[PDB]
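Chain A' with the ligands: place on chain A using the hints.
Number of protein chains: 2
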Amino acid sequence: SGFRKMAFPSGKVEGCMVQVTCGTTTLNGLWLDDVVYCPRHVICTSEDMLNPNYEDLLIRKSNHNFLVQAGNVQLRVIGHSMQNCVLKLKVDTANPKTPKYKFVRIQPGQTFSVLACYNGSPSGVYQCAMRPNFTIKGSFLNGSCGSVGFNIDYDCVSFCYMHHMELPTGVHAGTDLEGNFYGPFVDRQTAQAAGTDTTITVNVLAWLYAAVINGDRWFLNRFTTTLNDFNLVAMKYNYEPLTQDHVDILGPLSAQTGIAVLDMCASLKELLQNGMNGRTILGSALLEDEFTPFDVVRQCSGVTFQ
Amino acid sequence: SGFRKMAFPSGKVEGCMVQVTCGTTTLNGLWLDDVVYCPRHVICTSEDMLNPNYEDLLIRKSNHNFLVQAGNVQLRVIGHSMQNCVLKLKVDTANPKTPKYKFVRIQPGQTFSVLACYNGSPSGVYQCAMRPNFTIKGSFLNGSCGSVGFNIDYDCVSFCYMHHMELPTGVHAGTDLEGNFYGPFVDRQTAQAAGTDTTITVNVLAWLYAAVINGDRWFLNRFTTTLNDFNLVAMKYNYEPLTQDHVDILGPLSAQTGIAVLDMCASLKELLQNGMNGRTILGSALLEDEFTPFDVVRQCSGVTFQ
Ligand SMILES: *C(=N)[C@H](C[C@@H]1CCNC1=O)NC(=O)[C@@H]1[C@@H]2[C@H](CN1C(=O)[C@@H](NC(=O)NC1(CS(=O)(=O)C(C)(C)C)CCCCC1)C(C)(C)C)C2(C)C
Ligand SMILES: *C(=N)[C@H](C[C@@H]1CCNC1=O)NC(=O)[C@@H]1[C@@H]2[C@H](CN1C(=O)[C@@H](NC(=O)NC1(CS(=O)(=O)C(C)(C)C)CCCCC1)C(C)(C)C)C2(C)C
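Line order of the protein sequences matches chains A and A'. A prime marks a further copy of an entry chain. Residues in the first sequence are numbered from 1 upward in steps of one, following the deposited numbering. Residues in the second sequence are numbered from 1 upward in steps of one, following the deposited numbering.
In isolation and in its complexed conformation, chain A is listed as follows:
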């Protein structure tokens, strides 16, 4: 029993983190086979950041302008190129600790673990979700750029996020590992604003199922509803609409608890309209939307990784 915000084990990613220095700027890099991936803004000086021309800035650099350290060892940079908003640094040594990996571009609502790093060294691991407005609510300080987000799928590390910047509201924005931003952001210091955020409905329902599995049942009722009546109420409270795909995804949890998805929707509708009235669910006084249906299954059925 119990239910915690659980991250993947980070060992396989820890051995891929390196430190990258260009000029006076140091941040983190991801070392896989013989390539080091890092945010391209590492080549910017203070003057460049309002409106950098990255092609110009990169053509002015040579291999020896990039200092790459893996612990004490220096890695010799033998080539460099730019893909979208990442820099790719070819080095003379292939990382002997390269895990089996893939690069994946995730969708809003999905969750992943972040390994926060400074100067190439892991500081901590935590779980977060890609919000509907393509920001993440992370925890990052100066020097954290290049820290990555990942999931583990059997024996394979799927990298889905590399950290680039913080917005004035305190939330975070970054790219996939091919350098494409999530969201409408660009890597220059101009005023940019995130869309309004919404609550990830399918995740809230998954977490209400986790609550039932753990014996928290006070919010259940005998009612049922339709997708159409549910979505009408949901849109009024800034909740994402529920689709049939969502209902099918919640299948295994409905089966294991014997509570139909649309029955659980009727409970959520009531919680939205009346609030929780100082009761808690799974130790929370707010409805929690950063667990996916798969996160719940994994943690309530005990899935491991190789």
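The set of hints was computed from the structure by calculation and includes no laboratory data. A hint or two may mislead.
[What the hints assert, rightly or not] The calculated label-pair distances, taken between Cβ atoms and stated as ranges, are:
no., chain 1, residue 1, chain 2, residue 2, range
1, A, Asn221, A', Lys236, 34 to 44 Å
2, A, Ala191, A', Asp33, 53 to 63 Å
3, A', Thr25, A, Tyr154, 19 to 29 Å
4, A', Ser46, A, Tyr154, 29 to 39 Å
5, A, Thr93, A', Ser46, 51 to 61 Å
6, A', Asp34, A, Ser301, 31 to 41 Å
7, A', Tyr154, A, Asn180, 35 to 45 Å
8, A', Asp33, A, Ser158, 51 to 61 Å
9, A, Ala255, A', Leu67, 31 to 41 Å
[Claimed, not checked] If the Cβ cut is set under 7 Å, some of the chain A' residues that face chain A in the computed set are:
no., residue
10, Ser123
11, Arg222
12, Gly258
[Claimed, not checked] Derived pair list, reagent style DMTMM-like, types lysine to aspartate or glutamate, alpha-carbon separation capped at 20 Å:
no., chain 1, residue 1, chain 2, residue 2
13, A, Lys137, A', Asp216
14, A', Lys5, A, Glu288
15, A', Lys137, A, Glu14
16, A', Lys5, A, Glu166
17, A', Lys100, A, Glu14
18, A, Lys5, A', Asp33
19, A, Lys5, A', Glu288
20, A', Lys5, A, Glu290
21, A, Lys97, A', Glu14
22, A', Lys97, A, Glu14
23, A', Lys97, A', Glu55
24, A, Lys137, A', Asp33
25, A', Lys5, A, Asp248
26, A', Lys102, A', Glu47
27, A, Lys102, A, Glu14
The C-beta atom is built at its ideal place from N, Cα and C for all residues, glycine as well.
Chain A' with the ligands only, in chain A's frame:
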């Protein structure tokens, strides 16, 4: 900016986890140098658990009754002994991945990371606190016994917890790595109950400081209070008393924010007496007590590990 429930990176512990089988029972073990540590109840059968005599049960075993697997490799058991409630299995091979480590018995209020494991393989990592009643609010399923709790201090892994059992309220109890239980529990299947839990006051104050550091200031006020008036209110709400040692521990956070400890106590007093009135702090609608002053400093100043 930002503030998350952040665990230590788990890589150094992942390479120490093994699977231990005795009879029909399989659980996890901790492999350091040439010794495998695991809960001694792995030697019990269903008949033994109401009232096991562990000295009897162990004298009836031989080295070949214990199957220890590190991945695919089998480890040959060459000796066994019992220390308090752990079993120590001497094996023919010293773990080549043994980190620098120490064993530490922690006190209530301290936090640590748990690496939850099944069949010797890491499932997930999360942070939790030792509660004042010596339970932890974990997330564990069948097969999780032998999973460990740890902190990292520079380059050194400090192991402080090994998982043994779940209580009927859904919370968890275990031992230090020398086999001594935290709390009044024993490893037999008799009715046992935890003391009443209290809220860890010094951690709540540390988290209110994190909130100020992150720009959440609505709860501050101009008042101040004394330790004695504060503790009188605190005891009425099942909060632990605040000592001078606590006040000094909060020093670096008071300095960094310029809000005196006893000023912050006056804010907490108000929050206890009036509640939060549907406002949130750091994304929570309840007062959070599983961050220590050191956790806050580490995450708001960016400390890393080697
Ligand atoms: C990577 N090492 C570092 C990580 C941040 C430090 C604090 N927490 C973070 O996550 N990121 C950067 O250095 C990043 C690089 C420059 C400046 N960067 C910022 O994150 C900064 N924010 C920022 O400029 N944000 C935008 C502009 S703004 O804040 O509205 C302003 C008022 C015009 C300054 C620009 C990006 C989109 C959102 C708004 C800051 C946190 C250091 C101030 C670059 C963006 C290239
Ligand atoms: C380790 N692999 C495993 C982990 C638990 C499985 C589910 N989640 C857990 O953390 N632990 C055990 O197998 C442990 C070993 C036997 C039985 N154990 C239990 O955890 C069980 N609880 C239990 O017996 N608890 C106490 C008794 S009771 O529950 O009040 C009862 C009504 C008399 C059965 C005994 C210990 C102190 C607290 C109360 C259970 C979760 C499997 C039912 C031993 C305790 C030796």
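Hints, verified against the model:
1. A:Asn221 with A':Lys236: 34 to 44 Å: Because 35 Å falls inside the window, the suggested range holds.
2. A:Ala191 with A':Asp33: 53 to 63 Å: holds (57 Å)
3. A':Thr25 with A:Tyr154: 19 to 29 Å: Distance hint for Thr25 (chain A'), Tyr154 (chain A) holds at roughly 26 Å.
4. A':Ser46 with A:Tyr154: 29 to 39 Å: holds (33 Å)
5. A:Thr93 with A':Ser46: 51 to 61 Å: holds (55 Å)
6. A':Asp34 with A:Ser301: 31 to 41 Å: Since the Cβ atoms of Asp34 (chain A') and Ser301 (chain A) sit about 34 Å apart, the hinted range of 31 to 41 Å holds.
7. A':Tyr154 with A:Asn180: 35 to 45 Å: holds (38 Å)
8. A':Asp33 with A:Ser158: 51 to 61 Å: violated (35 Å)
9. A:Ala255 with A':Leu67: 31 to 41 Å: holds (35 Å)
10. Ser123: holds (5 Å)
11. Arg222: violated (26 Å)
12. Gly258: Check failed: Cβ of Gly258 (chain A') comes no nearer than 20 Å to chain A, outside 7 Å.
13. A:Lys137 with A':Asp216: holds (15 Å)
14. A':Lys5 with A:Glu288: At roughly 14 Å apart (the allowed maximum being 20 Å), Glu288 (chain A) and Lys5 (chain A') satisfy the hint.
15. A':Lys137 with A:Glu14: violated (27 Å)
16. A':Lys5 with A:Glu166: holds (19 Å)
17. A':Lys100 with A:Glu14: holds (17 Å)
18. A:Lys5 with A':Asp33: Not satisfied, since the Cα-Cα distance of roughly 32 Å exceeds 20 Å.
19. A:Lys5 with A':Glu288: holds (14 Å)
20. A':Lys5 with A:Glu290: Between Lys5 (chain A') and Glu290 (chain A) the Cα gap is close to 13 Å, so the pair holds against 20 Å.
21. A:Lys97 with A':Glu14: It holds: about 15 Å lies between the C-alpha atoms, which stays within 20 Å.
22. A':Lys97 with A:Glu14: Status holds; Cα separation ~15 Å.
23. A':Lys97 with A':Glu55: The given pair, whose Cα atoms are some 32 Å apart, is violated under the 20 Å limit.
24. A:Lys137 with A':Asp33: violated (40 Å)
25. A':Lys5 with A:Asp248: violated (31 Å)
26. A':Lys102 with A':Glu47: Violated: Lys102 (chain A') and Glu47 (chain A') sit about 36 Å apart, past 20 Å.
27. A:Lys102 with A:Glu14: Holds, at roughly 16 Å.
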